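Chemist: Here are the chains, one letter per residue:
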Amino acid sequence: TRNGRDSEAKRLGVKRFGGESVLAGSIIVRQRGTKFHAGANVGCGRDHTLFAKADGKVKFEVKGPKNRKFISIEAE
Amino acid sequence: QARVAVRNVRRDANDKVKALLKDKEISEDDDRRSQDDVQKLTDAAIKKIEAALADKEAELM
Amino acid sequence: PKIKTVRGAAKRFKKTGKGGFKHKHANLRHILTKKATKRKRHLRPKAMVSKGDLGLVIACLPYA
Amino acid sequence: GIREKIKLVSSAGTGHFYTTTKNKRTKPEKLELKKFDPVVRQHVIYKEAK
RNA sequence: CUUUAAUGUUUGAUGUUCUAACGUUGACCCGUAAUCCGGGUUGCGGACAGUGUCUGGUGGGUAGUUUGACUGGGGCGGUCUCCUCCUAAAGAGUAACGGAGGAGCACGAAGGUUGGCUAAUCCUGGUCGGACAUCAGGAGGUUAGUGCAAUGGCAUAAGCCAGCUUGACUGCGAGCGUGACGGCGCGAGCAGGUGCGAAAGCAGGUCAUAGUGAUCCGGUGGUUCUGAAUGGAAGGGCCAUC
RNA sequence: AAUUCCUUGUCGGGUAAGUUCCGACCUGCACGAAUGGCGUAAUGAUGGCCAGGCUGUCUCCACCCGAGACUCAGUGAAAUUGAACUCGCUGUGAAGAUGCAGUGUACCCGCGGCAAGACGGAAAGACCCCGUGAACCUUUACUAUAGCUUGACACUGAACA
RNA sequence: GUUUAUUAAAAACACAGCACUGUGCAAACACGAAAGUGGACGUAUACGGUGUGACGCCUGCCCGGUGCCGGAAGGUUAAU
RNA sequence: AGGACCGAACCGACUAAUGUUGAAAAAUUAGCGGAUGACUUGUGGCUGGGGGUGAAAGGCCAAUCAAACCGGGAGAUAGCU
Ligand SMILES: [Mg+2]
Ligand SMILES: [Mg+2]
Ligand SMILES: [Mg+2]
Ligand SMILES: [Mg+2]
Ligand SMILES: [Mg+2]
Ligand SMILES: [Mg+2]
Ligand SMILES: [Mg+2]
Ligand SMILES: [Mg+2]
Ligand SMILES: [Mg+2]
Ligand SMILES: [Mg+2]
Ligand SMILES: [Mg+2]
Ligand SMILES: [Mg+2]
Ligand SMILES: [Mg+2]
Ligand SMILES: [Mg+2]
Ligand SMILES: [Mg+2]
Ligand SMILES: [Mg+2]
Ligand SMILES: [Mg+2]
Ligand SMILES: [Mg+2]
Ligand SMILES: [Mg+2]
Ligand SMILES: [Mg+2]
Ligand SMILES: [Mg+2]
Ligand SMILES: [Mg+2]
Ligand SMILES: [Mg+2]
Ligand SMILES: [Mg+2]
Ligand SMILES: [Mg+2]
Ligand SMILES: [Mg+2]
Ligand SMILES: [Mg+2]
Ligand SMILES: [Mg+2]
Ligand SMILES: [Mg+2]
Ligand SMILES: [Mg+2]
Ligand SMILES: [Mg+2]
Ligand SMILES: [Mg+2]
Ligand SMILES: [Mg+2]
Ligand SMILES: [Mg+2]
Ligand SMILES: [Mg+2]
Numbered sequence: 006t007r008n009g010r011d012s013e014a015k016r017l018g019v020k021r022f023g024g025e026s027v028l029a030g031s032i033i034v035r036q037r038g039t040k041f042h043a044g045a046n047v048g049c050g051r052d053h054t055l056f057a058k059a060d061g062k063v064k065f066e067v068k069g070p071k072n073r074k075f076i077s078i079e080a081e
Numbered sequence: 124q125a126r127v128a129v130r131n132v133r134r135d136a137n138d139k140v141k142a143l144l145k146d147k148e149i150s151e152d153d154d155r156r157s158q159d160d161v162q163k164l165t166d167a168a169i170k171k172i173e174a175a176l177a178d179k180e181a182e183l184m
Numbered sequence: 001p002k003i004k005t006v007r008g009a010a011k012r013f014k015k016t017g018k019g020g021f022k023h024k025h026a027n028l029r030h031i032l033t034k035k036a037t038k039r040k041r042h043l044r045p046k047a048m049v050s051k052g053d054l055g056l057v058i059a060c061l062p063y064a
Numbered sequence: 003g004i005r006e007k008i009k010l011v012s013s014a015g016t017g018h019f020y021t022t023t024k025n026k027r028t029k030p031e032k033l034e035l036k037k038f039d040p041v042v043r044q045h046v047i048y049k050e051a052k
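Chains as they are written, first to last, in the deposited numbering: chain CW, 6 to 81; chain AY, 124 to 184; chain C3, 1 to 64; chain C1, 3 to 52.
One thing to keep in mind: the hints can contain errors.
Claimed, not checked - Simulated restraints, written as ranges between beta carbons of each label pair: (1) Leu143 (chain AY) with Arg12 (chain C3): 31 to 39 angstroms; (2) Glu79 (chain CW) with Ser13 (chain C1): 45 to 53 angstroms; (3) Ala59 (chain CW) with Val6 (chain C3): 47 to 55 angstroms; (4) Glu81 (chain CW) with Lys18 (chain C3): 46 to 54 angstroms; (5) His30 (chain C3) with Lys52 (chain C1): 12 to 20 angstroms; (6) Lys34 (chain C3) with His18 (chain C1): 40 to 48 angstroms; (7) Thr33 (chain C3) with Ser13 (chain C1): 46 to 54 angstroms; (8) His45 (chain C1) with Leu17 (chain CW): 36 to 44 angstroms; (9) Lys38 (chain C3) with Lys36 (chain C1): 19 to 27 angstroms; (10) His45 (chain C1) with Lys34 (chain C3): 21 to 29 angstroms; (11) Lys38 (chain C3) with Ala14 (chain CW): 52 to 60 angstroms; (12) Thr16 (chain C1) with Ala14 (chain CW): 44 to 52 angstroms.
Unchecked claim - Taking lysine-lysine pairs in the DSSO-like style, the calculated list, with each CA pair at most 30 angstroms apart, reads: (13) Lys26 (chain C1) with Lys46 (chain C3); (14) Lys37 (chain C1) with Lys9 (chain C1); (15) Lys20 (chain CW) with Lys4 (chain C3).
Please keep in mind that the hints were generated in silico from the structure rather than gathered at the bench.
Cβ atoms here follow ideal geometry from the backbone N, Cα and C, with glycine treated the same way.
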């Protein structure tokens, strides 16, 4: 029906893989929904961007009875 | 008389299209093309007509 | 002949201590209501011409 | 489109104002809200709203 | 006030008479044996005509120019910024006139918080009433719903309802995302002051990603920052805004 | 149809046979009344068609007289041209080969002839596209402007209605 | 009759004729910043512009658009 | 009598062949139209470049013309070769 439009790519996904040491503030994941969820010392921002509330190493877990991924930051 | 009827249809056909040229609803390309299908249609309808005529002409002769 | 200054870039960058230039942020002149306070508030301070642009600014302001 | 811009303007001394929009069509009643007037540096009433 | 009429005051316009500016491409006189020109006399017009300055209209008669680009040559059609998905090769990004859809808004609640609630679809019954209108029960278990495209999320609900309310808050911001850049986004936390909450606490708009327009030029409000001798003022700057 | 796209429309005539022609039909894609319509005697180096006479236009070319062409003597150019020791084929290859591979064939050099190739010579393609090129031309493109036109003021006065 | 000197001589241009229109004379109109001059030493049986193109028979319908010719109560509107 | 008829000079230029590094930067040859007219020709005059003149072809204005020629602005500009 007349195609050929697209939108500019919003540069998503993980920014810091597990084990990476981050400074309090940094953005560990960009995402539209909460693909990942904030765990300990990780804030989820208002676009679901997850960030660090604390300097430490990045920690990915799957916790929960619903079996969901969480990103935390362990102190290093 | 028959070819004449056929042809009159050639004529409205092209008329319709011809007219969809302004109100630029058709590419000048589109337009040539189609008018050609109409030619194809017209020649076809005719050759039929002449098959028929020939069939009969056989009888009479 | 004295190089003439780009009279208009001189009206928009002011040369700074260490050598860069400071400029005002675009996007704070109208269509203002529709913009966040965060946003606008951050475009209030001035800013330093980028690594990529000095080239062009120095080019314009030979007497800065 | 349709939605008019409006200022709400400190009820305190100051000429200071916040800025927003309203649906003039279905909501003609002068808007009115406590907002922070950073001049008097207090939280005052803010009126006007075409 | 209506509408009206009339003497008057104001201001316009229209007409007629005059002669003396002005016109005479009527006549005659001299310069002059000259169809020019000048002066004179006369007749005819006569403050008109015409000309200068200013002004509105008309003005291809003339003049300078403009009349985009992508493109499976060009043209024709279509497209141009933004958002979602696929192509995209399990980080990011990634082309085509590749396949599909949407935006140029909406909402002072459709925002904030505190408390509370939980869809669809089918079976069974029973008013109209049906394959689905409301009601009961069971199954089901989020397929529902989310202001709107698609993707990602959502039960701790981000879905639904109420009370109180203005955090759709002002200054800032460690730190990080993403961009050639202009920019854009995310952000704990700090100070001021707030709303809800017994309280832990949450709130710098809205489940998120579209809903946009640089600079210049001005306009509006505020601030003695500047102010061409000085005091003011205009104008300029600064902050908010159009 | 100087107009008809389908179209060599259909019918008639002319011909052995006629996409043209003539005469008709109306289905006029898209005639039509001073951007004139329909006719029209004459005229026309005007367009189309027919026929008699004529004929080397042709079947199909023959002989002949003359100017060249050819030989000798005198004079004496030209375009062109990277360099040449400058063959055919089939293949290859910036894709149509004297020049590469393979192979065939060819003793060295003139002269008269012919034009198939040297993408042969000549002109920095005229078509085509591009350049934010040029120039003329058009117009209800933009913007100005001479001309024309409107008012005010000035040269410009006196009475009156 | 004319025409593309040098690829077009024609069906194109011109033509007599026809019509529309302007022009009262210091004419319209044209060359001229102007003075002047042509129009014309003419004067509407004249002169310019435009279309048509001998002659014959003729020349229908439509004035909304666009011109032009008039009118004008109203609306809007320049310098001042 | 006649923009009347045939036809030389004269004026034209319809067809063909030759020519095309020509005899010639438009011709020769054989044919062709006009030929008392809106005819043709000598001398001189006048009209000038956005201008002239044009029985109109965008023709002609010194071998040229959708704006002559010469000198100047001038080394215009050339994102092209
Ligand atoms: Mg501002
Ligand atoms: Mg022009
Ligand atoms: Mg293009
Ligand atoms: Mg990827
Ligand atoms: Mg990959
Ligand atoms: Mg909601
Ligand atoms: Mg709750
Ligand atoms: Mg039931
Ligand atoms: Mg002063
Ligand atoms: Mg002062
Ligand atoms: Mg016929
Ligand atoms: Mg008529
Ligand atoms: Mg005629
Ligand atoms: Mg010799
Ligand atoms: Mg060979
Ligand atoms: Mg080969
Ligand atoms: Mg030889
Ligand atoms: Mg030869
Ligand atoms: Mg060649
Ligand atoms: Mg070339
Ligand atoms: Mg060329
Ligand atoms: Mg003749
Ligand atoms: Mg010629
Ligand atoms: Mg006349
Ligand atoms: Mg005619
Ligand atoms: Mg004669
Ligand atoms: Mg000729
Ligand atoms: Mg001859
Ligand atoms: Mg004769
Ligand atoms: Mg002479
Ligand atoms: Mg022409
Ligand atoms: Mg010449
Ligand atoms: Mg020119
Ligand atoms: Mg210069
Ligand atoms: Mg040069």
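Chemist: With reference to the structure, classify each hint as holding or not holding.
Modeler: The hints, checked one at a time:
1. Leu143 (chain AY) with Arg12 (chain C3): 31 to 39 angstroms: violated (55 angstroms)
2. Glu79 (chain CW) with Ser13 (chain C1): 45 to 53 angstroms: Check passed, 52 angstroms falls within 45 to 53 angstroms.
3. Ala59 (chain CW) with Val6 (chain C3): 47 to 55 angstroms: holds (49 angstroms)
4. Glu81 (chain CW) with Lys18 (chain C3): 46 to 54 angstroms: violated (35 angstroms)
5. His30 (chain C3) with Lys52 (chain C1): 12 to 20 angstroms: holds (19 angstroms)
6. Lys34 (chain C3) with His18 (chain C1): 40 to 48 angstroms: Because 19 angstroms falls outside the window, the suggested range is violated.
7. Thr33 (chain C3) with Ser13 (chain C1): 46 to 54 angstroms: violated (20 angstroms)
8. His45 (chain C1) with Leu17 (chain CW): 36 to 44 angstroms: holds (40 angstroms)
9. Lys38 (chain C3) with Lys36 (chain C1): 19 to 27 angstroms: holds (21 angstroms)
10. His45 (chain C1) with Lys34 (chain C3): 21 to 29 angstroms: holds (24 angstroms)
11. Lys38 (chain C3) with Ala14 (chain CW): 52 to 60 angstroms: violated (25 angstroms)
12. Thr16 (chain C1) with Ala14 (chain CW): 44 to 52 angstroms: holds (46 angstroms)
13. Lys26 (chain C1) with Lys46 (chain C3): violated (38 angstroms)
14. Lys37 (chain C1) with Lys9 (chain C1): Holds, at about 12 angstroms.
15. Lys20 (chain CW) with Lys4 (chain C3): Given that 30 angstroms is the threshold and the Cα spacing comes to 48 angstroms, the pair is violated.
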